[PDB]
Structures are given as C-alpha cells and as structure tokens.
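Next up: just one chain, as structure tokens, the form solved without the ligand.
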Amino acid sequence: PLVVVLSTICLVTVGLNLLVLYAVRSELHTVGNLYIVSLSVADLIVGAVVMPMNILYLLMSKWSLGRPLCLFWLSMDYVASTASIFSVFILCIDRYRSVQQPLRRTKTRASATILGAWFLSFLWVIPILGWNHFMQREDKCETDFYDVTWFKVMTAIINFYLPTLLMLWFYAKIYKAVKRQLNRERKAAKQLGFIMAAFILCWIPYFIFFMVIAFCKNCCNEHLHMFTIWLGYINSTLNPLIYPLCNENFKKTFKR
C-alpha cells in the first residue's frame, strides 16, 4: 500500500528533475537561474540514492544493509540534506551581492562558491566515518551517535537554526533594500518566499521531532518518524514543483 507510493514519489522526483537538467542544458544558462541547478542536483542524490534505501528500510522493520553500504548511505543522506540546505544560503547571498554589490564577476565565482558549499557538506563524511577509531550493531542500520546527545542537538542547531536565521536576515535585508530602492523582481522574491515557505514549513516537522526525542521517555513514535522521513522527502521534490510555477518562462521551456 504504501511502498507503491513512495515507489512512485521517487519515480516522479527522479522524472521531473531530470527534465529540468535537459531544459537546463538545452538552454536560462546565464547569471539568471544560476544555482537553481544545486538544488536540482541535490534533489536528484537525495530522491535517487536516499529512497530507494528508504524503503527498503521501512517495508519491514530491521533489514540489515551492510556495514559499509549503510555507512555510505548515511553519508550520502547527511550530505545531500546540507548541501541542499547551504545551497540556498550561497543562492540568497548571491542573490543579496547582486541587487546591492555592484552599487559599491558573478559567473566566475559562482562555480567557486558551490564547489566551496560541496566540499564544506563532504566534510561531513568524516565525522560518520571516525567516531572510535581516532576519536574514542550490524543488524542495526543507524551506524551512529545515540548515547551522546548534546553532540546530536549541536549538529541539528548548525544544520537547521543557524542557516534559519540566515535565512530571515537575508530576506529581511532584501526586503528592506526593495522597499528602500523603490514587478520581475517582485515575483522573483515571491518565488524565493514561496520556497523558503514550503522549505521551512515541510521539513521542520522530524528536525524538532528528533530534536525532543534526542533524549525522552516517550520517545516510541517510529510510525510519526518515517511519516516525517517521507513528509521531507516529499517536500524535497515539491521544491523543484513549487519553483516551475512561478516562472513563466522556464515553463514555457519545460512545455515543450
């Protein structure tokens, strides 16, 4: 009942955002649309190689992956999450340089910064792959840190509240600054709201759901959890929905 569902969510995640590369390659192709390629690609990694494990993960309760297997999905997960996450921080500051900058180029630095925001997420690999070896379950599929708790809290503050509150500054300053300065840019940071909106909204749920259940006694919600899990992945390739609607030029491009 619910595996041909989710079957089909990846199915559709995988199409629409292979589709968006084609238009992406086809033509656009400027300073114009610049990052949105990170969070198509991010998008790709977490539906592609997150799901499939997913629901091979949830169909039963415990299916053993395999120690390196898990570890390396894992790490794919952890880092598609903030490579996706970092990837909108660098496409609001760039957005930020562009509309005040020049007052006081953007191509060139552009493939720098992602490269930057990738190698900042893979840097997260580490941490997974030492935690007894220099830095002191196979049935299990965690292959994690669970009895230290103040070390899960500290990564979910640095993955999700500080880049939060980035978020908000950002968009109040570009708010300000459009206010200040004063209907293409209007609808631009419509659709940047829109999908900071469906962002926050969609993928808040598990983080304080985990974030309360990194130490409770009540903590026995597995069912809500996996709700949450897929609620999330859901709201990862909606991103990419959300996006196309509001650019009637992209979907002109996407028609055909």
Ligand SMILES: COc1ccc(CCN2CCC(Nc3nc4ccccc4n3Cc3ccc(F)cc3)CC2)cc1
Given for the second form:
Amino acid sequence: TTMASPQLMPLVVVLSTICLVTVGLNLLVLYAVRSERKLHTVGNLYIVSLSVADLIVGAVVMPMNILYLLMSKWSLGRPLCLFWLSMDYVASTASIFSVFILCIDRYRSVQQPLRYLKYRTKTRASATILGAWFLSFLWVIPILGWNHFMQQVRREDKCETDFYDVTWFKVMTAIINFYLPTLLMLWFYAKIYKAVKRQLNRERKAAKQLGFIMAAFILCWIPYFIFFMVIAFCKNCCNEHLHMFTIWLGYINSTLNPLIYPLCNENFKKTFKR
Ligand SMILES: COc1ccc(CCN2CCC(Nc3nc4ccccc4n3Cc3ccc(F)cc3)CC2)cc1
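Could you switch over to the form deposited with the ligand bound, since the one displayed so far is the form solved without the ligand?
To see the whole picture, the full complex is given below, headed by that same chain.
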C-alpha cells in the first residue's frame, strides 16, 4: 500500500513532533502579540509576518511532506499537490522576504534615527508586509502555468513542480530568490553592526535578535541552496539523503525562529512566562 519499511518510522515519529512544535510555537507567538498592547510596535509587525509564514510552512507543508515521505507517492490529487507546492514555495520565499523587509527597516533606522521617522507609521509597515506577501504569492504563476507559458507533470510516481527539468529557470530563480536577498541582507546587517558596535543597550539586543534570525536563515537554508545549485549541473548526482536532510534543516530553521524570539527580547519572555 505504498508503505515505508519499518526502519523509516523512527524518524517520522519525530518529524511529527517537529511539525506539532512549529505550530505550537508560532501560534503561541501570534497569540502573544494579539494578547498584549506592549507588542504592537513597528518591528513586531514584521515579526508577526514571519511567524505567519512559519505557521504556514509548519502547518501546510510539514504534514503533507511527512505523509509524502512515509508514502513514497503522490497519486493523492493533482490540485492538492499543486496547492502543496504553491503553499511551500510561497511560504518559504515569504519568510525570506519578510526577513528582508525587517532588515531594510532596521538598516534605515540605524542609518540615522533622525531622517527615517516619518516613514515608520504602522500603516506603511503593513503595506510593505502586504507587498512582500504579494511578491511571494507571485510564485503561483509559474507552478500553475508552466504548461501554458513554455510549450511543454505526466509522472505519477511522484508529483513535482513543472520546471524541475528546466535547469536554466531553476538556477536563475535560485540565484535571485536566495542570493540577492541574502547578499543585500548581509550588507545591511554589516552596516548596522558596525554602527551598533561603534556608538556605545537595547541596541545590543535588537541587533543580536536580527543577527540570530539572519544567522538562522543563512546557516540553515544555505545547505539546501548550495546543493540545489550544484545539482543543477551534476546529473549523475542524486544523493536523496542529503537533500532530504537539508530541506528539513530549513524546516528546523522555521521551527527555531519562534525559539529565537524569547532569548532575544525581554517582553517576549515576560509574556511567554505565563
Ligand atoms: C519527500 O520528498 C520531497 C521532495 C521535495 C519536496 C519539496 C520541498 N521543498 C522545500 C522548500 C523548497 N523551497 C524553494 N526551492 C527554491 C528554488 C529556487 C527559488 C526558491 C526556492 N524555494 C523557496 C525558498 C525561497 C527562499 C528561501 F530562503 C528558501 C526557500 C522547495 C522544496 C518535499 C519532499
């Protein structure tokens, strides 16, 4: 019945725990924000956007990915697989765009906290978050319309994105979506950290929070992306174990961010203590 060998259970039994902990922590963060007035700041809007993206990548893709791992097939509804892809790619890129927006906001604030003050109303933070989410949801077009744009799954042993066999698009979208946000974020973070070390202490807790979030990303997703852009050329080169572990390393990052917040802010630990 497309089962898995009894030696593949002792890891799914903990993947389910990771799935439940991701949605038990992100939901806790979200309820913390909507239960206390002190947490309706500007950067907490970006934190909420990140927590929502992690809730989606912990509640929609985690159980579907676990079921796909346990049952090595996806003859389980073509539109359902399309929805899983459209809620995996969009969530994973929305997390990295929300982090990018937060990093730009903090870099503008640390630029000079006398010139970026009239562009920090919460309405504009919400507008930027909605714009980032729109750019993320733009990922629906290629997945659902590659058979319409390029005159080209038809593979029922496993459902996959329609451009998996398109090396040029894969490498180009990987380069853009990861590297350019990653490079820009690293540049902004270095520019922040220089000034923060320069002046002086809430700055050396907020800078550490942003640095830990960025470290989480650039250190838990890059094992996936280096493999993704080395596999785009090597075709006799298909180690499934490393790929399957790197994807779940990124998912562990999604789980870790809700643990990152308590250990970098006192307000979050004060509202998590009860
Ligand atoms: C059981 O076997 C399987 C086999 C396959 C799968 C799919 C796993 N899925 C996991 C998440 C992956 N996201 C992803 N790849 C990308 C390639 C180019 C551009 C963006 C890409 N993005 C989104 C992203 C964006 C920024 C970022 F910082 C991180 C990611 C896509 C793959 C699941 C189970």
